[PDB]
Amino acid sequence: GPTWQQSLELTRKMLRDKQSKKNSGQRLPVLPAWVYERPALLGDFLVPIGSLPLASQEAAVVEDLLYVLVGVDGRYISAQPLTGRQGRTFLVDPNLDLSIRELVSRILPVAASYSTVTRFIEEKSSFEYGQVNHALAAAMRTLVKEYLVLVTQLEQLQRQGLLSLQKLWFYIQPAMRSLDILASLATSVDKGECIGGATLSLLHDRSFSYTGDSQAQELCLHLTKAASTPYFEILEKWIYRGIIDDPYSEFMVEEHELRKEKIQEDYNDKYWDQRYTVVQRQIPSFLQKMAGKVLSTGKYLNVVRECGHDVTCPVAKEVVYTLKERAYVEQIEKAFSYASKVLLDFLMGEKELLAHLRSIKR
Amino acid sequence: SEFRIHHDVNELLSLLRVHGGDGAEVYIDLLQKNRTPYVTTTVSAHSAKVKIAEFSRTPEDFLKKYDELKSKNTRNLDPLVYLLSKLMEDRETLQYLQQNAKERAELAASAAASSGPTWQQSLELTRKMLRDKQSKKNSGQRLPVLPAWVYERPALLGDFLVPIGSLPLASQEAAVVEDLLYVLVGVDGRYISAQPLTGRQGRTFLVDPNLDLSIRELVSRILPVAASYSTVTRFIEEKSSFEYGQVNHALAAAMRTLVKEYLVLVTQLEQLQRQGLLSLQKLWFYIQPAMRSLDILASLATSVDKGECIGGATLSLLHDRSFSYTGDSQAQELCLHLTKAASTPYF
Amino acid sequence: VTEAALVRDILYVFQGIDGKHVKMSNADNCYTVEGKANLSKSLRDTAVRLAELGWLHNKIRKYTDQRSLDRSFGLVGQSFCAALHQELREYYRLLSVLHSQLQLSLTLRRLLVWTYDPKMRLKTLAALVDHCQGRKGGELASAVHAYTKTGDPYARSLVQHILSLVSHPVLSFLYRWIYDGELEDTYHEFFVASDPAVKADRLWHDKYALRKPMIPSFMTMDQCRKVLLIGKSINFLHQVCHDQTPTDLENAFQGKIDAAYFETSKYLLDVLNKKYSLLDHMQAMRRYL
Amino acid sequence: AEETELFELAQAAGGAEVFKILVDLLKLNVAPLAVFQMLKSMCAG
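Residue numbers (the authors' numbering), protein chains in the order written: chain A, 147 to 192, 203 to 518; chain C, 2 to 116, 147 to 192, 203 to 388; chain B, 248 to 351, 364 to 506, 528 to 569; chain V, 33 to 48, 52 to 80.
These aren't lab readings, by the way, just hints derived from the structure by calculation.
There's no promise every hint is true.
[To be verified] Partial selection, computed: residues in chain C whose CB lies under 8 Å from chain B:
#	residue
1	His47
2	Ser48
3	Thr75
4	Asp253
5	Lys323
6	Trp325
7	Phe326
8	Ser365
9	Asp369
[Said to hold, decoys possible] Stretches of chain A that chain B covers, calculated by requiring three or more beta carbons in the stretch to come under 8 Å of a beta carbon on chain B:
#	stretch
10	281-288
11	293-304
[Claimed, not checked] Pair by pair, the computed Cβ-Cβ distance ranges are:
#	chain 1	residue 1	chain 2	residue 2	range
12	C	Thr41	B	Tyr547	21 to 31 Å
13	C	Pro175	B	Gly393	47 to 57 Å
14	C	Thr298	B	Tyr547	24 to 34 Å
15	B	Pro455	C	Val176	38 to 48 Å
16	B	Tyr568	C	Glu374	57 to 67 Å
17	B	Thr249	V	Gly46	36 to 46 Å
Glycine included, C-beta positions come from ideal geometry on N, C-alpha and C.
The task is simple: from the sequences and hints, build the whole structure.
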């Protein structure tokens, strides 16, 4: 079918090459390999009762489709692992209740997305999407844990014989209510291969698109706030504190080498003129909106650095990107204005540009 | 004496077949202003050992002795090791020494042809020899030595001197726990046995065949601390010898004070054991808290005994260990406590 | 056959062992379930479906044993295994809870569900196990710092706490090397190395040394150069003056250290003015020499 | 004395003359640099 292992080995390889080629001290979310082998720990799809009635044959169908929807393999009914970011292609008992099979086929988008989501979580485990993307994987595991609580209730019901294929489909519709919330963002993060704040902009887009869908809208507004918190670390370092941070160098500002020698060597400065470029690809919507004032502010933070003051304004806070634009801009702009003011104070003090001009009078 | 160069270095020039050049007279003069009452050998001894092993054509014996010489913990083995490594560096110096020595070896050869470890025995020889040594140092005095009756009453400390053919896995774990608790109290197991210490040892276990392979593997961790504790009791008795010393007695008593902690933990687990609420994994979790500490405690005891540490021997071993017990912060502090206390025995 | 026996084998793998009926596929350091297990092949595949546990739990056990193998692995390296011991204690408590849940129901599904977080923690430990490959001294510090800016605080916060944990051993050694001038690593993994063969005049430059081969993941090039300079001033007191004088928190230890370095430099300069009399030697060499 | 341990160290060296006069110099705690110079000189003879 589609490509997932190949898609990963190509897109992730390209992203890792891009992050390490331009590291220059910048990190990149490199993933380990010690538990990738010894397979059968990841989550892909790991008795002939056709003569059993539609309830009984659908019982075996649902028993196997619990594994299939869990991204596992059942007893007779099993789904061949679907190539690409997907689940598995159903192959159930041909003498099982074909009507129950079709009903589960309707609920089957849940499994087709479920093995795909396991693969997507493993692609996030391929951390090169970013360290913040690795913190994203934590929320992904939490959602998988909530789904696992639901699945444990289902398993207990099945062990007690209280689980029916139709009841499973009805709950899967409630499960699909949150799966459609997630599927879109999962695809946007994985397939889009957004690098740095490219994903941050895609996250804002996902928030604005899945708004209203509480399972997606809340997880997107809160994801924007949380990423702003990782963005708060990275920025409060580079913009507020002026101590540039490169957990993936995926920030909205390209840490162009502030070269003091080239600043005082040629016509174009490097510390003063190339203090830091802008990485317009790894920038969010609100993060870039604050970046508008924070570029001069980030220039002033680098200026404070060169003044021996790679430090923050009294508040190193970065406006946490939430559904509110002011929540993602006004605090960052305040930090930027404070950085510009601190640079003004440093210039009126240590830089002594006016005193230099007065002595360059004679 | 002050002119010991005449006995050593001058005879080094003569006997070494080195009469030309300076011989070992100027060498005597060089070492004379370089001979200190103390030792100042601070050096990357690991680096010197690596260099020696690198130049060791037969590095097996070289590395083995690099460990064995520390068994006695002799005086300044690092200088000899460095000399053995740096002399291998200069083949010309080595070949010249070979000229100085092998010819005399041939001369001597021509002039020649013309015309098991029982803890009981190893400790009894040590006790008798140390009694004689303390008598010699006394030079006409008695001794608050340990009694013959102290040596008698074998297993004077009460030392560590069941059909499970088809036991259920839970019953097997319970019976194994009972056996291991008896071993921890220095008692026999339920379905398995434990031969006594093969001299310097604890109890050489003999696992039950019915003990599960998984069960035997889990018990394997316990057996280390068990042998450690048994040998620790034996070593405490050894340090209790007046021949070991009054300071050795103080060290043994401090160990006994912590040994109470060992029996305390034995009883703490026995609380759940009598309650029947323990488990093999739970036991392993509790043992891990101090199973390593058991071997850590036996470590310094074996260091003193193996070096036969009399006088500042065990003191220096202890202080070095305290300087190295870091990482094991618990042992870093416990050995410091023992040092601070037992200093007063000599301090 | 007995599928719940696989839960026992899983617990054994968690301890880094194979069950009585589910052997360990040591070639992958994973589980090798019995193919003769005449049971639901679905159950066998699903039991495999979490079997990569041994591939970390047993491999990390081997790594910890190797960390305990070297007697010169560094006392700080032992403190690294001490934090490994703390993690092992947490895992032992988790395995005890697992046995408690295994006392007579639950299912393998709940085992994996509960194990998912335990698997995440074990993967976190295995990650650091890789980032400690043969790294020694400050090289080891940097290899540990390989996950400095990592996300997913389940491992990133742990990395930060561990760095605070183990810095204190190295920090204490370095503080002794600065204030007390104590740096005598026989293993010779200390960034502030020393040369114990320099007569006072040459010791002023050779009493200490800069073992750049192991430089801390935190001690910067300046925090090592100025540190060696402060140690050299202390050694100048130690040999030229023949005396000694009085002198985690990482982001601001450097400022206080530089304050003490300047203070100690001034103190050493004053003691040189009194004892060394370099000025009197120059006065003699000018009025007479 | 430790003449036996000196011979043990010599066999550990595994060479081809007890040489414990140097161990006497070690008891005097002679320095490695002068020791190396003396060894080279005694080799030359």
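We went through each hint and held it up to the structure:
1. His47: The hint holds - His47 of chain C has a Cβ within 8 Å of chain B, the shortest such distance being about 5 Å.
2. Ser48: holds (6 Å)
3. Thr75: Not OK, violated: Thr75 of chain C not within 8 Å of chain B, min 17 Å.
4. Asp253: holds (6 Å)
5. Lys323: Since the shortest Cβ distance to chain B is 5 Å, the answer is holds.
6. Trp325: This interface hint holds because 7 Å falls under the 8 Å limit.
7. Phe326: holds (4 Å)
8. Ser365: Hint holds; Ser365 of chain C Cβ to chain B Cβ min 6 Å, cut 8 Å.
9. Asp369: holds (6 Å)
10. 281-288: holds (count 4)
11. 293-304: holds (count 6)
12. C:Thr41 <-> B:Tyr547: 21 to 31 Å: holds (26 Å)
13. C:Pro175 <-> B:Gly393: 47 to 57 Å: The hint (47 to 57 Å, Cβ to Cβ) holds, given that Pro175 of chain C and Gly393 of chain B are roughly 54 Å apart.
14. C:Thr298 <-> B:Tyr547: 24 to 34 Å: violated (45 Å)
15. B:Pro455 <-> C:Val176: 38 to 48 Å: holds (43 Å)
16. B:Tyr568 <-> C:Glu374: 57 to 67 Å: holds (59 Å)
17. B:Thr249 <-> V:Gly46: 36 to 46 Å: Between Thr249 of chain B and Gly46 of chain V, where Cβ atoms are some 59 Å apart, the hint is violated.
Against the hints set out earlier in the document, violations occur for numbers 3, 14, 17.
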